[PDB]
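Next up: just one chain, as structure tokens, the form deposited in one PDB entry.
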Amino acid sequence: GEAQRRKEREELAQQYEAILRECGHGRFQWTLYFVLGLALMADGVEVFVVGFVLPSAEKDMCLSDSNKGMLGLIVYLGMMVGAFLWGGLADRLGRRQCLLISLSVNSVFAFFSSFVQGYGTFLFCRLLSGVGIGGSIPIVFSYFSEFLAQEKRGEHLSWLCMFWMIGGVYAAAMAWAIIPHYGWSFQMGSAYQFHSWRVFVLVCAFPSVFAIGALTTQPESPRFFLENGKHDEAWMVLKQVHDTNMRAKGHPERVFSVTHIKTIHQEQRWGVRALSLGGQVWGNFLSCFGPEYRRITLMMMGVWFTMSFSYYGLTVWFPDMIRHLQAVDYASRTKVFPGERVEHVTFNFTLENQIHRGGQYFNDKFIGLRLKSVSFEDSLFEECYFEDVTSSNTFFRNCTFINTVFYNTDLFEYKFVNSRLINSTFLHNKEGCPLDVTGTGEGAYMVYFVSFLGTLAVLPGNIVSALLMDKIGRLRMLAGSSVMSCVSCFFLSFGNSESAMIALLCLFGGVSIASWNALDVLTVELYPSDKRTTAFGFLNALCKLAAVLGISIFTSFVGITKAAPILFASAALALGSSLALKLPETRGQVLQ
């Protein structure tokens, strides 16, 4: 029984490869390449939106700690759910069908989140958008693989990763050209406010809609039709491929010589259908852990987990380290004024990064002052008057206030730490958040630039892989790029300034891309066409879970030491390369 099924599958794969060789490479392949490139660009854009809008949403929504981190991680949680779900569903519903469904869900919820005012609703909308876009990568790669002959499969598949970098560049450019315009205050509804980061979210949800629009005009992959017992539509799709290719070539007169293609033999209602779909998906997932695929699946799991953990940890750790260095410089530039006795006089100033200690102000009226990271310590205020005072990161510690009036000030109760107020009156307090939210100004600009640089770092290595995938092999490229990634992780210690961190981030991003391309091609080529998307989606869910763990750990390791992240990344990459070197070779084989 098993032998007959294996023979049928092998013969079907061989005939399919022969048909694809007969049709050739041409206009149809490039058109589908661009369509799925848009589908992948949507995914590439999706991972930057929350990170780019957090500085503004934290003030526009009164975001505290333990809520910004969840906002950051919700996209990866949504991707982890969506990758598995759509990878499981694509082997039973179709690659194009599930791609349309998931992309439409992503577009709908990304459009909805652009107008949502609350936090829990924003978290839910972003989680559902991540669920929608989670399954873009596995479905796109398995869908593009089934239209390529064995002569050039790694090259044509690795050309498909340029669009992830293009999406990253697009997100960086949109953030640079949209977010800095803080003056935009469109008003629709008195209780609601429309800022520029919502416009950024809209423009970032645009590429998923464009991808759906491009995907409406592409046919289903013939291989899914053949596996599922449908031979007429598979033959029609192959004929359409042949006609398009040969019409582009310049010979629109030859005839599709293929007549018959052997097909795999096939052997309350809503609830029954859902139960059947769940059972079949669970069966596919369990067969992925079968006697034939049990070593391969475990090694693939290890490689995906290790490389995702290391890459995501590093790519989140680099901006955090840059920010920590900038904060250290800022705190090193702080000025100190120990002791000052001040008599009756009106006070006007805008102070940045100062500490006044041991002050004694008597009958001083502070009118219209902006305070930025200004701290008063050991001070005594008597018969003072604060009017039109606005302050951020300002604290009054060990201070005593007597007969003082705070009129039209945002000096809330959390800014008076270990302070004693006697007979003091708070009048007409300005509207503000109950707790500190910090402030981000011009320093956001460079951040976008940094991200842009990182994405540009991917540009060279990709090309090399695209020019060398079929010359050396997937295993050799994977190992030889993981080794360089480990070398860069060790080299990490030779940098303590912002420029050094930028150069190191660019180097790591430019080195790991070849390994990622090889991993994608290898996981495409190592699984049969009836389990390709299920396995790819499961491995992508594992990748997203590893990304979450790595992000959490490497954020917890910022500002403590530079040895723990280096050790973790180097160990994980070494283990991943070791596990990868034992995989089987798939170059020069039919897509079986």
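Numbering follows the first chain given and starts at 1. Take the two forms, superpose them, and find the largest set of C-alpha atoms that agree within 1.5 Å; that set is the rigid core. What changes on going to the form deposited in another entry:
- Just one of the listed positions, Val81, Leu89, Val105, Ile322, moves its Cα by at least 2 Å between these two forms when the rigid core is held fixed, and it is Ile322.
- Core-superposed comparison between these two forms: the C-alpha position of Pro528 differs by less than 2 Å.
- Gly559 shows a C-alpha shift of 2 Å or greater between these two forms [criterion: core-superposed Cα displacement of 2 Å].
- Comparing the forms between these two forms, the C-alpha position of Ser488 differs by 2 angstroms or more, with the core used for superposition.
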Contents of the next structure:
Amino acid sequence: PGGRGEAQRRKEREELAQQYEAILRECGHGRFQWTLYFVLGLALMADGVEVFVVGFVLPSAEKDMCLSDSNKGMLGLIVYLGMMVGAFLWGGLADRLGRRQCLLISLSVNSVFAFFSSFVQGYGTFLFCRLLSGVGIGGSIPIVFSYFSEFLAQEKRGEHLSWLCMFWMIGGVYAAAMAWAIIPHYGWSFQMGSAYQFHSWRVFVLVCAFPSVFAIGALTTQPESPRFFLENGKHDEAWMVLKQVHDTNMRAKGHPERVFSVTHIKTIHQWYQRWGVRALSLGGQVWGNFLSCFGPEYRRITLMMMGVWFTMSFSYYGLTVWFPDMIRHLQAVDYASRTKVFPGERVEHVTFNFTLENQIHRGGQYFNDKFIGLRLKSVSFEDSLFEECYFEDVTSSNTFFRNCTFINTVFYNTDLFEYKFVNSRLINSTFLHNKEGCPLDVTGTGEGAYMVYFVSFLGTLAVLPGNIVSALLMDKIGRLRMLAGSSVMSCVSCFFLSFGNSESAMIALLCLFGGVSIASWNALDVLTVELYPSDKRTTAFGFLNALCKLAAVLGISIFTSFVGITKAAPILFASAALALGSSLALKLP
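Having seen the form deposited in one PDB entry, I'd like the form deposited in another entry now, please.
The next block holds one chain only.
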């Protein structure tokens, strides 16, 4: 009856899955599948570029648009919730709208909103644009892995999906290289002037938007996954795509290129008035799929998969957010440690045309001597007085004056504002030709992370070959122990993250550990891909990735709620969870 009807139904589902796998291994493995791998790797490169941007290059935005210190955590948190909701929504949509269609829509949204963020001024608009780029990038992996799976035979599935993390890593490397090239240096970016405004921040975002636009440009050529066509009652285009597959694979290598007759013979043998209605129907289909993800068939497998994904989330956070946060903190303490105090600049009426930086005066006194050529770069005076020391066309940078006076001294073209100069004595302290207005200070602490960007660049670049080694190596272990190796990797990652106290040592160790961590993530990704049915592969993958992102953003929330004094408690929680989940959460079919 109904129960036996469903029994024969999923029996035929298994039969057709076997038949599709037979068709796939009949087509082969050649140029077409590697071209598709390169295109989906461009997509993963875009995803990695946005991950790097959000996790690494957030602290450079207070030089513009008046970014407050308390709202950086809010920006990161809301972008991670954007990635979460995007991953969940696009994963749910793909299995009832298309793997290529949803991937194209997500990449178009990401590219358009990244471009818009590159051309917005107010902080609110930039935050909104990054939030809506979050959904576009979060929708990538659940519709890249689960869409490249159906184009690969069983024997080559795990081996060739294990190499998709290399493109994520090279995307991180590309983003770091652009950051190092154009954010610090003023020779690569310049202000247009009257026609437009261009700081190194905008050019950085605009150039980081490029991998996404190339991915969407190259994604058009590849066709929709045949399995989706087969499941959605669409037969002719399935024949078309499979014919494209074997011909492209077999033109280079494969004797049957001469004639495909018998095999293709077997292949053919096998506006709210409607927009609102279709949106509601799509929502109903996605809700049905998500609810059936917790049915009697997958009541326990999905739960164990959740546990194994939670196992991984405490290394993804450490590599993506914890590492650059720690590097930034260490660079901050280093730049606080470095000092340059000038007691005075007394000279016998000799002009000083030389340029100096980091001038700080502590109780310095001037005997009413006029000095020409003084430079104010990274200058933070304290308890200092000036006597007729005015200079024409003086350049001001990082001017933070407090408890200091400038009696009978007038400066031109300075970044000083009313709020910058408070609680200090002043008489006739009026500055002419002042550049008052929107704060656009050059070298205004946005150039203070040059070493941070260089460290991130070389760390990721060196992770890349270690990642090559680890990815080439992990495929040797049997599939029953790749996730055990993942748990071991996470345990070692946490056992280090409980020990973070140095700069160069942390660079080297987190770099040589990025290889094993990233090579080990794809083992879990492959395990998630193979197990779930092709109808529910993308929902389940997106749902588990959404819980990985939820764990990451909850770690971010606690870390930003209590920072500095308490950092290692989440790592203790991580190690305890790893120990608890390595005992009985490895009985996965």
